[PDB]
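The chain below stands alone and is given in structure tokens; this is the form deposited in one PDB entry.
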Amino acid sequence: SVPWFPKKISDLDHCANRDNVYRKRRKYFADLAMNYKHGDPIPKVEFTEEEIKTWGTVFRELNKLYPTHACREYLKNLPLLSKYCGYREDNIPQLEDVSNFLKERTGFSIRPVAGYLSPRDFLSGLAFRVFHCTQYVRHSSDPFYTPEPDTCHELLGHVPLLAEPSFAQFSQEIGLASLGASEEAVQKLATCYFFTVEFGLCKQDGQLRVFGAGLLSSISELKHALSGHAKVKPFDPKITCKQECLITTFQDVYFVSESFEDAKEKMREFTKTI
């Protein structure tokens, strides 16, 4: 039959909840997400000195790389976020501020999330231009890479591209295609999402650039992706969807899209086939 799926933005309420000082702090963030209901302003957080320091390292080092590494669309939106959302080395932007910024730019909004959602639930949010974002910060011991998404990843990796109309359309269309889809169809869409939105490369003016959020938030993998000691293949949904998504490590392959326009067109033809 058809699995349950959200029919309106508020329906995401029904799925978005599915050392030791660090553990209590993570519990603090998890509770903020769990207690959140659509319509609420997203709770603003007073980040600790250690948290801000970790952000600062990530922010400072990544901004050295972006001009030569990030796609043009990313670079176009990054300064607007400094101006309007408080993106500075000494300040961690608030999810509420960035959500409101996105709402005016592309209709995207943010919802705080306690941890990992199922691909089905995560993608369902995108259908309504809702991006589920973590609020906690990377453990201070490794600013260069983290196996789990943190707020640094959401804010530096995802947000600047969600502010771009062509990318927001591409993202929503993955979400829309997933709604009520088979288990097999969701996995293929989630893999395409992973190798574009999370870890994608694109060719711009003949050169390789990165648009993958998971690359754009990792000092170490961003350098690795374009080094180039990594394997790169063309983005092709029927091939890309079979690729294993790696966690805990750098990816073993990166897929190259021609443009956000082209990636969207390839996804449109592919979703008809499944």
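We call the rigid core the largest set of C-alpha positions that still match within 1.5 Å between the two forms. Residue numbers count along the first chain shown, from 1. First, how it differs from the form deposited in another entry.
Superposed on the rigid core, the two forms differ between the two forms by 2 Å or more at the C-alpha of one listed residue only; from 76, 105, 139, 129 that residue is 139.
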Contents of the next structure:
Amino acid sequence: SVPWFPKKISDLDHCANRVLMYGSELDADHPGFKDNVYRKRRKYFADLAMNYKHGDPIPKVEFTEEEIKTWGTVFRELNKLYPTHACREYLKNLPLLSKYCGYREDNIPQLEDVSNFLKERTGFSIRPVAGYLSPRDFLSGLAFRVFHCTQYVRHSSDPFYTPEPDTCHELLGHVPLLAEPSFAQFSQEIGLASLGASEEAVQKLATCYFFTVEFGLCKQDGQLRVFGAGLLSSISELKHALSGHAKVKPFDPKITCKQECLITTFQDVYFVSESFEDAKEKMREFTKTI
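Having seen the form deposited in one PDB entry, could you now give me the structure of the form deposited in another entry?
Left out here are the partners and the other molecules; the chain alone remains.
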């Protein structure tokens, strides 16, 4: 039978809180595990997401000096690499978001503002989420041009901590490209193809999403550059991917979907997409076979 899937944007209310990883619960190994203040703050952000319902303006938060400084360091360091490492489509959009949404070393952009900016640009919107959802639920959000986004900030003790993703990853890694029409269309189609799809189908779509939206590379003027959100928000993997150390292959769904998605370590191989339009076309051909 066909598993339950949202039929309208408000139906996301029925899966947005199905958090399987991260969230308010911090493990003993977490940088802020022994920080009482941080623990309560994470519960706060988690509650804002759990209580959120479609149609609500996303609760705005007055970030602390510590959170702003942590964001500043992450933003400062990554921005030093973008000019020479990021794909032109990213470089064209980050400045846009920054101007209209307040991306500054001393100011964390509010999700509601980013959501409204995206709504007018590509129809994409943001929904705050406590933690990571299942691939099926997260992808179902894309079908309605909704990107579930974390709102909390990594612990200040280690601004370069990536094991657990946070709002910096969302704002710097995922958001800019959602302002690009072709990228937004590509993302929505992955979501639409996943609705009510089989487990095997969702797994394959999730993998293609992983090697494009999350860790995709482009080749511009013969130079390898990154567009994957996981690369754009990670200093270490950002450099690793563009070094001759990593294996690189052309994006090809039938093959790319066979690749295992790694966590904790660098990917065994990164895939290069010719353009967002071409990646979209390749996925159309692929989905017709699954």
